[PDB]
Amino acid sequence: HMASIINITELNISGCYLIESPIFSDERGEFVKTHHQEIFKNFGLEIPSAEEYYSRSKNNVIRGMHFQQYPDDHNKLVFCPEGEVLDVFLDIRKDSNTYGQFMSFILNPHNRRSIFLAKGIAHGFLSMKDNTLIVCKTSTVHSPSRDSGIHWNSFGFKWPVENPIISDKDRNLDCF
Amino acid sequence: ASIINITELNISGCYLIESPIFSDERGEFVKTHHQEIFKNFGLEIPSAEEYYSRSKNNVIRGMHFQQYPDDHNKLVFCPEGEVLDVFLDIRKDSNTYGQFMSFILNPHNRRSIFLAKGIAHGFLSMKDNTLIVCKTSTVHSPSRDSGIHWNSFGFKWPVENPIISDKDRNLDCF
Ligand SMILES: Nc1ccnc(=O)[nH]1
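Going down the list, the sequences are from chains C and A.
In terms of the deposited numbering, the first sequence has 15 at position 18, counting the first letter as 1, and numbering is strictly consecutive.
In terms of the deposited numbering, the second sequence has 11 at position 12, counting the first letter as 1, and numbering is strictly consecutive.
Chain C on its own, in the form it takes in the complex:
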């Protein structure tokens, strides 16, 4: 595998992917390639392009676990170009072979990882540093009527933190 291009690994949870971005470095700093449509298309993927936002999280924030319900369900693509997260996702697709399973990955500017998540995946993260940036794209726009979630502490994960900072909204999500 050539370290000059974007490399994509489909994960045990089908429809989710680790994306490993290359880097070019010189006296000016760095350039990192995060998406290329031809590369993505081999995996049957298109970049989510309905909405984008970025979050800036204090240390020990947990945000999640979030997803949008059919028929406004969407693919989601995240990377962390500053700070660090432990990114966590749970397969909540009832008819999935990995239903109720989860995976997690540390994302940061050092490893240059992105995660692509299919529809029906619940997504969250733990900010492990102040000023942690997560840039996030979704394949359908935010749907207040279908926006949903599962409680961060309700699906078997062992979060390496004490007294995480968590929204009231996130605190009142239903248990998986």
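Restricting the straight-line Cα-Cα distance to at most 25 angstroms, the calculated cross-link-like pairs of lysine-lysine (DSS-like) are: (1) A:166 <-> A:155; (2) A:166 <-> A:126; (3) C:116 <-> C:38; (4) C:126 <-> C:166; (5) A:166 <-> C:30; (6) C:155 <-> C:126; (7) A:91 <-> A:116; (8) A:155 <-> A:126; (9) A:126 <-> C:126; (10) C:116 <-> A:30; (11) A:126 <-> A:55; (12) C:166 <-> A:30; (13) C:155 <-> C:166; (14) C:126 <-> C:55; (15) C:30 <-> C:126; (16) C:155 <-> C:55; (17) C:126 <-> A:30; (18) A:30 <-> A:126; (19) C:155 <-> C:91; (20) C:116 <-> C:155; (21) A:126 <-> C:55; (22) A:91 <-> A:155; (23) C:55 <-> C:166; (24) C:116 <-> C:91; (25) C:116 <-> C:166; (26) A:126 <-> C:30; (27) A:116 <-> C:30; (28) C:30 <-> A:30; (29) A:55 <-> A:155; (30) A:55 <-> C:126; (31) C:55 <-> A:30; (32) C:116 <-> A:38; (33) A:166 <-> A:116; (34) A:55 <-> A:166; (35) A:55 <-> C:30; (36) A:38 <-> A:116.
Worth flagging that the hints you see were computed from the coordinates, not collected in a lab.
Starting from the structure of chain C, add chain A with the ligand where the hints point.
Relative to chain C, chain A with the ligand alone:
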């Protein structure tokens, strides 16, 4: 104030995008794109390629564009650090051919720049660890990848001894 504002700029087909910010005890989130709001102005998010650069203080990168038929729209924001983003209209049938504009982008102003095909784009980094996230509507095409020399179009860069690649140092003058 609470939603994405898009304003057309003097150089036509180019737009200033001003993102809203929402805050709580956890931090902030900033909406950079929504397809419907973009569509309200005739735009679509460039989505063939994305990359981000991280630049030391006093770096200049540019001026870059891709040539027809692989010319592309370009969208940039700065979520960390600061840049003076600069662009040149190089479209010969344009009423603003040869004119340029410049805009400070940073995470406080939350400004993004959308650029039309046929615009040469570059920036000057004003802070270490400056992040630019860039999207293009066609993928990189090395055969059509081209440029105009940063010091060749009238601009007074507010920097002494900028740090510039060999490539960029030897682009054709405008
Ligand atoms: N994919 C790329 C985009 C822009 N510049 C590059 O060198 N490569």
